[PDB]
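Knowing the structure of chain B, use the given hints to seat chain A with the ligands on it.
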Amino acid sequence: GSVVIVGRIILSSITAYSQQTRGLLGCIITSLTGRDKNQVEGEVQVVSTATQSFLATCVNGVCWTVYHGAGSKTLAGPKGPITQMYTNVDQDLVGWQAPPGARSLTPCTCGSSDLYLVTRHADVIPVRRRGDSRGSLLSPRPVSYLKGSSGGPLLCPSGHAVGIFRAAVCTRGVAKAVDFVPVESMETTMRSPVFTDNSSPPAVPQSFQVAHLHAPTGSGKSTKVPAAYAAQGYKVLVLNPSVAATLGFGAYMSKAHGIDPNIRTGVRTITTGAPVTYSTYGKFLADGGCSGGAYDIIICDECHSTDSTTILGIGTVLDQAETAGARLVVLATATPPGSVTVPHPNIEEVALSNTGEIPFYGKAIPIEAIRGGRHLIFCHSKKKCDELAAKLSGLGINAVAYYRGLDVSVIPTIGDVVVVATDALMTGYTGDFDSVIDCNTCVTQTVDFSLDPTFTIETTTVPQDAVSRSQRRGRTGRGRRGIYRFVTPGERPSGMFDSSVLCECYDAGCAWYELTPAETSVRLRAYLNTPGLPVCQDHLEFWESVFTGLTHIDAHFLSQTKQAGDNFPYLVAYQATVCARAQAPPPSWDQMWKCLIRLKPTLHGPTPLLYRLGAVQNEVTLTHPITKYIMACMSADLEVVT
Amino acid sequence: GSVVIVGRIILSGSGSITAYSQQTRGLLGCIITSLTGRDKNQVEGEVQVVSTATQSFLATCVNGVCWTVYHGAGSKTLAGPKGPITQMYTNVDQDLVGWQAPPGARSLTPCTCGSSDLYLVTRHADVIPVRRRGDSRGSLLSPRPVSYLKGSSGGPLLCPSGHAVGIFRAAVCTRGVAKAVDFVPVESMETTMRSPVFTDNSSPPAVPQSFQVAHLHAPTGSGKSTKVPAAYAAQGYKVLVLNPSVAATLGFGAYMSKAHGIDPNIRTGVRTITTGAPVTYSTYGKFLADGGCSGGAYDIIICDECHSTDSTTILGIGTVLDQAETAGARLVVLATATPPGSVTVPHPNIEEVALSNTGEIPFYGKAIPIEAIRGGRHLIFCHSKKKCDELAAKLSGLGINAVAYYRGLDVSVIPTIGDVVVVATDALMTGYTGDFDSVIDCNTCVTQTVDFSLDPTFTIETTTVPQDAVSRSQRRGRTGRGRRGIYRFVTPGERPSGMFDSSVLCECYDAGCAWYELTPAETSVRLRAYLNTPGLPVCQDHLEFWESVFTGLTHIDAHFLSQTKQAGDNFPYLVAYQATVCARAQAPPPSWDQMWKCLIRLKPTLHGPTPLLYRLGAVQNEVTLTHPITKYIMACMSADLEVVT
Ligand SMILES: CC[C@@H]([NH3+])c1ccc(Cl)c(Oc2ccccc2)c1F
Ligand SMILES: CC[C@@H]([NH3+])c1ccc(Cl)c(Oc2ccccc2)c1F
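Chains B and A, in that order, are what the protein sequence lines are.
Per the authors' numbering: the first sequence = residues 705 to 716, 720, 3 to 631.
Per the authors' numbering: the second sequence = residues 705 to 720, 3 to 631.
Worth flagging that the hints you see were computed from the coordinates, not collected in a lab.
Among the hints, erroneous ones may be present.
Cβ-to-Cβ under 10 Å is the rule here; a few derived chain B residues that face chain A [stated by the list, open to error]:
no.	residue
1	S7
2	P131
3	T160
4	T254
5	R257
6	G262
7	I356
8	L440
9	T477
10	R481
11	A604
12	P614
13	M620
14	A625
15	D626
16	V630
In silico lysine-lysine, BS3-like type, Cα no more than 30 Å apart, as pairs [unchecked claim]:
no.	chain 1	residue 1	chain 2	residue 2
17	B	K136	A	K583
18	A	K165	B	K165
19	A	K372	B	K136
20	A	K165	B	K371
21	A	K373	B	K373
22	B	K372	A	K136
23	A	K617	A	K583
24	B	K165	A	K373
25	A	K371	B	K136
26	A	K165	B	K583
27	A	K372	B	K373
28	A	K136	B	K371
29	B	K165	B	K213
30	A	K551	A	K617
31	A	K551	B	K373
32	A	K551	A	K589
33	B	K617	A	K371
34	A	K589	A	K372
35	B	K136	A	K551
36	B	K136	A	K165
37	A	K136	B	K380
38	B	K589	A	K165
39	A	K551	A	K373
40	A	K373	B	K617
Just so it is clear, CB atoms sit at the ideal spot from N, CA and C, and this is done for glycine as well.
Isolated chain B (complex conformation):
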C-alpha cells in the first residue's frame, strides 16, 4: 500500500478551509497502484492509508509528516509510487519530495511565541510556545478533537512554519499542550546523508563510541567479527536474546575460529578465561550489568528485539559501558527501524489461495506442499498451534507444536516434520526449514489509560510489522533454497513499541533483577536517548511513579507468579498481595490469580482494584490507598499520538 492524498487544507490573514478530493474506492485503488494523477495544490495535504487519516505539510520543497502514521510507505504520484527522501524515525518525521503543483511554507526565524495550529477540520488553534518542541493550548480540548491532525503545521503569526504537530500532552484524557517536530529538526534531517553504510563493523576508536551494524543473519556479525576483534587483541562481549543461539555460538566458535569462549545463560554457564564471552541479555542483567574493566567491546546482537529484557539489557549497557572502561558498543541487527521487507534472492514467495485441504487463517494449505520435508508454520496463538498440529497428525503428517512452556526437545532436528509454532520458536530453536508458511499476524499487548479506575493492559491480535515478516521468512533460505507462503502481503511500520513494553521493563526490574524503579528509569533513559534504536513514547516518569508506590509485596506470591512464568508477575503478585491483606477476593478466578486459591474460602466482598490486567468479574471498591495512589499517578502529563 502507498500513502494517498485524499484532500487538502487551504491557508490564507490566518484562516483555513478544507477540500476533499477522493472517496474510499479511489483511495484504495490509488493506494494499490501508487499512481495518483490528481493535481496537487496547497501546502497542507490531507492524507490517508487503509488504516488511518492524517496531514502532511510541505516545507522547503518537501512534503513532511509523522513516521507513526506513514511508516516507510511510498506516496502515490503522477508517474507512480514515490519513495521517501528522508526517514527520521527518532524524530517521528518522514518526507517525500514535494510533487508538481505543491507550495511550501517557509521556516520561521523571527521567533514568535504566539503560534497557530491548523487541524484536519481546518480550525486554527492558538498555542503559546513553551520550549523547542512543546506548546500549551490556550483552551484545553478533549484529545479526540486533535485526532487525525498529526502532520499539520504549527504557524507563527506571519504564516511561516515552526514545525508539524505530532502528539497531544494529556492530563486525564484532556489536552493542555502539544508536541511538535520543529522546523530546525527538518533542516537537520535534510543535511544528513540518505545512504549511510552500516554493513561493515567499525574499527575500535580511541575514545568511547556507539556504532550500528546492519547486516544479514549469518554475515558473521556475531561470529566472524568477534573473532576479528579478539585477534586484534580485545575483550569482547556478545549479547543475544536467545538461550539456544548463545549456547550454539560456543561450539561454532571453538570449531571455526579456534576460540573456546565464555558462555552465560540461566540454564548453563561456562568460564574458560577466553577473551570472548557470549551471554543472554537476561543473564547479563542477573550478573548485575557491566563488570568494571572486563570488556573493550560490547556487541548487542538482535537490537531490533522489543522484548523487555532486551531493551533493559541494551539500556544498561548504554548507561554503563563507558564508565566500566569500554571503548565500543555495537548495535547489531539485520532489520533496523525503518526497514521494509525486500525480495530475498534465495527465497521464492507464493501467496496462499483458497484451494487446499488444510484451512489456515481464511486461506488454505495444500497437503502436497507439506507432505515431505521440513516445514515451519507460524500461528499467532498456542491454541491455534495445538489444533493445526492435531489436524496434521490426524492426516498422518508428522507434526508437532512449539510455544512458550514446552521443552524444545519436541524438535525433532532430523527427519520429516511440520513444526507449528509461535514466535517463541525465534528464541527457542535455531534450525532452518525447507519452507515457512506465515499467518502474518501477532499477539501483542497494549496499554489503555482508561481511568476505570487507572489503566488497562489488553492482549490483542494485530498485523505483523516489517521485522516480524522478515525474521519469520528468514527461517528458510539460509545458504540453501527456500519458499515462503503468506496469507496476506501487508506490513505495519517497523521499529515502534507500545507503552506496555515500558511497564514490562519496570515489572521485570522489580521481579527478576533487583532494580528500583529509579534505577530502571536511568537505564531506559539511555535507550531512549540513543538514536537508531526502536522508539516509544516517553512515559517513564509515569511508569516509575506507579511502581514506586508498590511496596512490601508478598515474596511468596512473587515467587509463585515468576514460577508460573506469565506476564507482569510483579503487577499480578502485587494485586494478589493487596487482595490478601484486605481480606478481599481477586478480580476473577482466571488462572492468573491461582496464588490466591487456598485463601478462596475466606476472601469476601468487593475487589480493591489497582488496575485491569484482564476481565474483572467481581465487584470493585476504590477505597484502598494503593488504588487512590495509582489514580493520582494518572494526573501526570501523558503523550498520546494523534
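This is chain A with the ligands only, laid out in the frame that chain B set:
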C-alpha cells in the same frame, strides 16, 4: 451500498460441532462489489461472513432465506449474481432482515427437537457452549469480554444435532463482561414468514369498534394532519392531533379554521383556546404538561411525526399508548412519512445534484457555486450552530441575504418576502413551516451517545454522524412541494432509519423528572408501552438501568433545576443535579464550560476536587469519587446491559 459476502463459516459434517472460516474477498473487491451490487462468486455454505464499508458481521441461511440483523444491515440490498437483491423480510422490531437465498445456497434447518444445550458460532469459527434459559436467551458457560463477540451478530446458535435455534444479535453484559447472549428465535423467523411480504398503510384506517393501534405511512401534503382528522370529525368522532412542533400545531389549526370549516381547540405553551369543537390540536409537551389523556374526551388520537426521537415525543406517544384504551379511545394512529426501515426514494418534483469541488463557497469538503443560490428561496442545512454563523457571514459578505436559524433565535428572522438564503440546523424543522426553491444538505447531524465507560459511571458524548434516511428524507422534504425543486448534497450515503441511542432513554427520565413531574417508575411504564408497541422507532431495553439511576438522584436544588430548564440545553436534570452536589460540597464543577453557568456566581467560594457523578463533557478539574451518589450510581452499573455485536 449493498451488503457483500466476503467469506463463510464451514460447519463440521459430523461428530462434534466444530468450524473453520474461508475468506473469499479482500477490501478492494468488497468496495467494488458493494457499489455495483453485482456478485458473480457462487454461494457455498450456510453461514456467510458479510460486510458493508462501515462494518462486518454474519448472515445465516435458514429455510430458504439468508437472515441477519437490522442493526448491521439496515434495509440494504445484498450483492448477487444478477445485481442487488432487495430484502424480502424487514422486521425492525425483532432486529431481523432477510434476502431470498441465492442460487444453490445451503440452509440450516430448525431445532425440531427442543434441547437446552446450545452452541454459538462466532466469526472466528469458534464454537461456544451456551445454556438456553428462555425463548430468546442463554447464558455463556464461561463468561467472556464482550469485545470477543463483536462482529458475530447474525451467527447461529445450534442444538447438538446442528439444527439452528436462532441467530445471535446481542450480549447481556455486567460491567463489560458478557454473561449471556440474546438471539432471534427460529420460530420468530417463521412468524415472519407466515405474514404477507407487503403490508399496506397508505390509507387512514376505518374506525374499529374496539381499541386498535394503526399506522399511517403517507407523505406530507397527503393531509395526514388536516384532511384525515377533518374526515374523521365529519363522521362524528372526537379527534386529538399531536405533533412535536408548536408552529406546525398552530398552522394546522389555523388551516382547519379557514379551509375544512372547524374552529379547533388549540393547546400549546404559547397559545391555548377552548372552542368546544370535536378536533383538538396539541403538541406532545402540552399533552404531557396537561397530565396525558382525560377520560372520554377523544375517540381518535393521531400521533403525528411518530418517527421523531426527541424525548418529549417518545414520552408523549408512550403515554397515549399506555392510557388511551382505558380513557375510551377506539383508535390510535401512528402517522409518519418516514417509518422505521424506510429508504430515500426519488421524488418526481425534486432534481438531485451532487456538489463538486467547483465553487466559490466551501461547504463540508466540497463547494457551492454562487450562481446556484444567488437568486431565489434557498435552504442550507448545517450540523452546528457555529457553522451556520460562519456560513451566513461568508455568504452575506459576498452579497447575499443570508440569515441563520437554530435553537435560541426567534423565527421571523426568516423573512418572506422573497430572496433569501437561510442557514440552519434541524431546529428549522420545528420552528419554521415554509419551503424553498432548493435545499443544500451537509448530510451530517449532531447526536448524543452513551458510553458505559466505568470512569466512574457513564459518559454522554456529543458526536457528529452521517445522516439517516429520515434525516435525509425530511431535509429534502423542504423542496419540491407541489412545484419543482432542487436538492444538492455532499454525500450520497444514508444510515438505516428508525434506531435511537440509549442516551435518548436517559433524556426521557430526565424530562420526566424535570418538566412533567413523573417518578422514574411512572416513566418506565410509559416507555414500556412504547417499546412493546411495534412499528415505532426501536432502541435497546435499558429501562431498569436508567430507572435505577434516576431513582437515586433525590433532593435536587429547585433553583438550579429552574435555570437549566430555562437555558434549554439537554439533560437539565443531570446537569442541575451535578451542580446541586457541587454547591453543597463547596466544590467546583467538572469544568467552566457553558453547561455549568448556573455556578459561575459561586466561583469564588468553590474549592477542591469535583465529586463527579457521571461525564457530560470534558472534565478539567481533579475528581473525587467518594460521594454517596457517585457510589450509588457505581452500584447501578452492575445492572444487566444489552449491547450489540
Ligand atoms: C519524538 C519522540 C519519540 N519518543 C518518538 C519517536 C518516534 C515515534 Cl513513532 C514516537 O511515537 C510512538 C507512538 C506510538 C508507539 C511508538 C512510538 C515517538 F514518541
Ligand atoms: C429485539 C430487541 C429490540 N430492543 C431491538 C430491535 C431492533 C434493534 Cl435494531 C435493536 O438494537 C438496537 C441497537 C442499537 C440502537 C438501537 C437499537 C433492538 F435492541
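Non-conforming hints, listed in increasing numerical order: Violated hints: 4, 5, 6, 7, 10, 12, 14, 15, 16, 18, 21, 27, 29, 31, 33, 35, 36 and 40; rest satisfied.
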